[PDB]
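Single chain ahead, written as structure tokens, the form deposited in one PDB entry.
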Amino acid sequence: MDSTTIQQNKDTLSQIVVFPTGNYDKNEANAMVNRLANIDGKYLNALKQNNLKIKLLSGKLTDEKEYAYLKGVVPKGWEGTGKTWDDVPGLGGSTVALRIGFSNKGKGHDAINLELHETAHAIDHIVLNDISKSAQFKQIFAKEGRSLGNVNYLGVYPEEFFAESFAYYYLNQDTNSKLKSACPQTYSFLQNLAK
């Protein structure tokens, strides 16, 4: 990622990202925007075109008014864990909401990076017309969909494998190289999508 392109994408993200009212680590919110800025500018401009907002949160997801309906709701597969959506740090699809500070793997979620994974869902659904459900991607998923691990989740849901692969592709050079090695067809597919 070249520095001038990053700044251009951050400028675009200034028209996408919404910062919260409450108090939060401004430097960490900025770091999240910096990581999002590695996403290909064409996707970012398309999110902006669709008026998609990336809402950064200063607290729990379910303490946001528009997600309060998820209070106490147990996510699929989380039965018996004692955890609920109140414990989920982010979501992506038709909207994007992300708790500041919870980017890294293990911060209440299993993704390599929260904001890239969830924003990938929004790009998939809003920008790319659910390409993760396409026949082309389904063929790739059938072969490579377990190769980032979490086989009972990423390996089962092509939308999740897409989002995680997208996050590997764009997080940093290390994860990008790892994806190329582990999932070469997925890597080529993403490379060509951004052409």
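What we label the rigid core is the largest C-alpha set whose atoms superpose within 1.5 Å from one form to the other. Positions refer to the first chain, counted from 1. What changes on going to the form deposited in another entry:
- Superposition on the rigid core between these two forms places the CA atom of residue 81 2 Å or more away from its counterpart.
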Second form
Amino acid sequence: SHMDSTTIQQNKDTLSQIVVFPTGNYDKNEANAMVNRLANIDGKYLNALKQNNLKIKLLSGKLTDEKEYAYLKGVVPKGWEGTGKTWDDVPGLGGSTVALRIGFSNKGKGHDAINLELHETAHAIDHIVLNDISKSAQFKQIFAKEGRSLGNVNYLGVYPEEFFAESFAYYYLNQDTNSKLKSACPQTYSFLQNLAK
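Please move on to the form deposited in another entry, as the form deposited in one PDB entry is already shown.
For this one, just the chain is written down, with no partner chains and no other molecules.
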């Protein structure tokens, strides 16, 4: 804990080669803050994303106003049936790509994650780096036991890919969320610790 500056330096170096900033207007300080939070992710994962030419696209407006996500206009996200909401209303996505609306990091800004950028980037790490580890037999057993223990039982507790992404965000956001994950989901915590060891 005496050389965190070096890990941040390396991870921000990596992120400067992954993050793409948008045309048009946004809060530059908040975009910088999002990158700073991403810099807590283990550098091995960040460098694996970089090798795969994954770009983390920060957006100045709605997700579906980007040409590459216009196919989601009017579409209801998985698990959002009955809400009257669509992807037009959702500030981030992760998987084969990552796209994130600047300013919408905190829980409740159109999404349910503890932190937008960490949750969405976790989806990309799951898919691109870890070969869909959230669907592995090992993770299935952990999810069967612990998958409701971050709440949102009808969403996180039903979709292992979402429980993986949310647990990853708790692990990496700050010391408080990291400790909360250890207490609530000890096997998931140990699983994530060992992946990065």
